[PDB]
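Take a look at this single chain, the form solved without its partner chain, given in structure tokens.
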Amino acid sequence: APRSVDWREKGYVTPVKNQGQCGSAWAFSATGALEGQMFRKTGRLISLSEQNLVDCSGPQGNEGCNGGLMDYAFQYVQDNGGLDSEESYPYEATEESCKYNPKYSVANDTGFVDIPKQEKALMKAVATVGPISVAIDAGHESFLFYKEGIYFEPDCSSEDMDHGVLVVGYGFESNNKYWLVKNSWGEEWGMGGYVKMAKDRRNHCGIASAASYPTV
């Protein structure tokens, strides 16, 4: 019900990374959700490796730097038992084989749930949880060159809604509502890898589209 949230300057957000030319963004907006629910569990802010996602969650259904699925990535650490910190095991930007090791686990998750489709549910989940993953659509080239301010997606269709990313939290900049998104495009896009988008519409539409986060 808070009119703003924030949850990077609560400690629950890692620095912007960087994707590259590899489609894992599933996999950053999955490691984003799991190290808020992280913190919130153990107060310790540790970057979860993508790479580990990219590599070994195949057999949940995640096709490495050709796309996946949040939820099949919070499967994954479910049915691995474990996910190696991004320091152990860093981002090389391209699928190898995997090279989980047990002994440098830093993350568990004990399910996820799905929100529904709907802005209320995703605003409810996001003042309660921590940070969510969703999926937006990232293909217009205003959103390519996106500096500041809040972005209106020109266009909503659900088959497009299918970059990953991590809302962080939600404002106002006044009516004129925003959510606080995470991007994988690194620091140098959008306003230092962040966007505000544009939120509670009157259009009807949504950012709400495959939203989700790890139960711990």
The other form holds:
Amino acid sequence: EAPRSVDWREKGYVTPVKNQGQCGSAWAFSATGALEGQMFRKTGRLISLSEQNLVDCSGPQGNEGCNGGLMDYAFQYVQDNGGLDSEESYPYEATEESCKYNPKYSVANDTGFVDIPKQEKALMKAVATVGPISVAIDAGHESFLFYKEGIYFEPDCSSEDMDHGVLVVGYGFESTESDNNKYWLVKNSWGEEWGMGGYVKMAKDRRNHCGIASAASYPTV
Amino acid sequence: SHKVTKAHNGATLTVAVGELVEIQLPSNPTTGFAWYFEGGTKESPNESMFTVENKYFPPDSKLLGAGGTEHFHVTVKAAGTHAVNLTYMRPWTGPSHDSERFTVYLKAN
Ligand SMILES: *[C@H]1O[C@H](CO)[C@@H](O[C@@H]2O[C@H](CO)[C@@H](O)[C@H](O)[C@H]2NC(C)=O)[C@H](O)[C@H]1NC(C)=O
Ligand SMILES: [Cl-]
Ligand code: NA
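Show the same protein again, this time as the form solved in complex with its partner chain rather than the form solved without its partner chain.
Let's see the whole complex now, leading with the same chain.
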């Protein structure tokens, strides 16, 4: 059913690569990325959203700022809060601070969130049909820190124990490789200087490599 | 028999040749950072002087991006005053003057 390749960057759904810095807030970048994409589908306007707003304000929903969080908790916060400020109005500080949410500058909302079944087939259909998808992966390996190009495959990766929130913006296959040559196109939040301009081609259809299909979701708008 | 944490930055431990020293430091690879010897390696500068093993321990957490811990197991192989010098950095960016550093000296007679 779904296409052989998808890349939502080419459709206008994806803001440039951001940088979480020395702060365990990738969950917030994964959440704003997914929300950026769904707001763009709804309105035709791509507007960068505030990770700091999530970091400072979503404690009641279960998040712990620079000590970690979950995309689903971020999506519930946006719903409970009745809005989310723009990046411009509430810039990123890479530290946990007091909540400064101002409804005057809200540019996004959500009505809930949908969790994808824990299968790469289901993740492929969601990516194809919905837009960019929030996912959790096992990023806790030196090979990931040193990633530069090509399809990332780490033999020691877990499908069950994930620690890092990122964003799947598409999938595809390498012309050059030829056996296990498919990948997920993943936007990270470590700046443009990491990986392929900030992106990693994560191995796809290699038994849910790094747990990419194990905790995937998106906000409903 | 010898454990060391951040609390012991700059200390000297006297050890026997062949004795293991465990270094434990906060580390969060989900932020892109980890601890390294100069040049962005986990290996000893001089294997004949001391050996190093390194392992990351993820936190027990329902959340994504909680900090964990790196352990460095250092074994001294000869008499000397062995400097173990680590820097916390993103390896593709490298260090700066501001980077967090950890040093311990392992002294064997
Ligand atoms: C998203 O959330 C709320 C809830 O719908 C929106 O606020 C309402 O806006 C409508 C239409 O303009 C008004 O009739 C209501 O008075 C508002 N109700 C409120 C404030 O609870 C809000 O405008 C939306 N935010 C964004 C950024 O689109
Ligand atoms: Cl933490
Ligand atoms: Na966990």
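Definition used throughout: the rigid core is the maximal C-alpha set that superposes within 1.5 Å between two forms. Positions refer to the first chain, counted from 1.
- In the core-superposed comparison between the two forms, residue 160 has its Cα shifted by at least 2 Å.
- The Cα position of residue 203 differs by 2 Å or more between the two forms after fitting on the rigid core.
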